[PDB]
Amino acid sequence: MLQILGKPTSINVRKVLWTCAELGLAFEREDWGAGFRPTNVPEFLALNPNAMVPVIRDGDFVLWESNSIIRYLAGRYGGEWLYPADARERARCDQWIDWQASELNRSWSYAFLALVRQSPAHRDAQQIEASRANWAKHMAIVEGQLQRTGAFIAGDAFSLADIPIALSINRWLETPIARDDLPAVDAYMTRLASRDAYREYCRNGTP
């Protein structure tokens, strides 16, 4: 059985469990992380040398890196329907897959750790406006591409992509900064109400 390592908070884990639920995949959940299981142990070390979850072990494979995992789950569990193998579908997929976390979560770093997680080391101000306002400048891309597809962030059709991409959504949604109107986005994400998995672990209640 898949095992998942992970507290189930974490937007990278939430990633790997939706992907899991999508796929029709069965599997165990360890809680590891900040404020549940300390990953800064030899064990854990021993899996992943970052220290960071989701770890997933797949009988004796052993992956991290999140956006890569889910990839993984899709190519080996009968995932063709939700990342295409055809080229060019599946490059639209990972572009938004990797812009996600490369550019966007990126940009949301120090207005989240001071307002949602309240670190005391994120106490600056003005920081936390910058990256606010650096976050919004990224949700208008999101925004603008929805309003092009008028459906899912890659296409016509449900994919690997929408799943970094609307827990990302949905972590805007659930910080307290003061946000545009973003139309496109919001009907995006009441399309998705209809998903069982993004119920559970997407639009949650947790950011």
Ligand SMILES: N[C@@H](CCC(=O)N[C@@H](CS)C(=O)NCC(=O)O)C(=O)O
The other form holds:
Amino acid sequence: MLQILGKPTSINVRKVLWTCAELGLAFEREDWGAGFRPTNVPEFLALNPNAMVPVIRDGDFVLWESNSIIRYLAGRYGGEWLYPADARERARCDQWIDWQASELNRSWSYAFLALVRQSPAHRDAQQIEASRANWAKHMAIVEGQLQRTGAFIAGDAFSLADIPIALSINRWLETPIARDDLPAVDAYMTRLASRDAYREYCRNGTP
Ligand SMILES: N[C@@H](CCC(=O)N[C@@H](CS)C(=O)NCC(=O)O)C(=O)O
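Return the form deposited with glutathione bound of this protein as a structure block, the form deposited without glutathione having already been given.
Starting with the chain above, the whole complex follows.
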């Protein structure tokens, strides 16, 4: 059985859990990460030198990096409906997957660590606000794209890209910041409510 190493509250672990549920995979999950089981130990470092979650073990195959993992699962487990093989259709998904990780995630760092994790190391109000402002600019880009599609992030159909993106939106909505009205974003999160795995792993009260 596929093994998922990572605490269930982690946004990046939740990408993998949601993907597994969408595809129809059986899995066992072990708690790893801050607050759960420390990752900076030899047994875990041997699997992932970053000492971060998620990591998966699929038979003898070990893989880390959440967006790489969800791509792997969709490619391995009959996920062509979720992550299409056509290069242009796949690219429309990849743009948002990759931007989620390289830009959107990056933008929320200080505000999230300060306000949600209450990190004693992140108490500079100016940096909290800078992070909130930058995050807000990235959310306006998400709003623009959803205004255009009127549906899902990459087009008319739910796709792999909606998993990192909707989890990121959830983080925005659950962090205690003042937020501009983004109606296409709200309508999108309402649309997703019909998906059981979204309710289980995304909009579940955990930031
Ligand atoms: N880029 C990595 C980031 C992984 C990451 O930052 N994981 C967090 C949890 S969301 C973590 O393991 N922090 C270290 C810890 O909890 O000890 C990915 O997307 O998988």
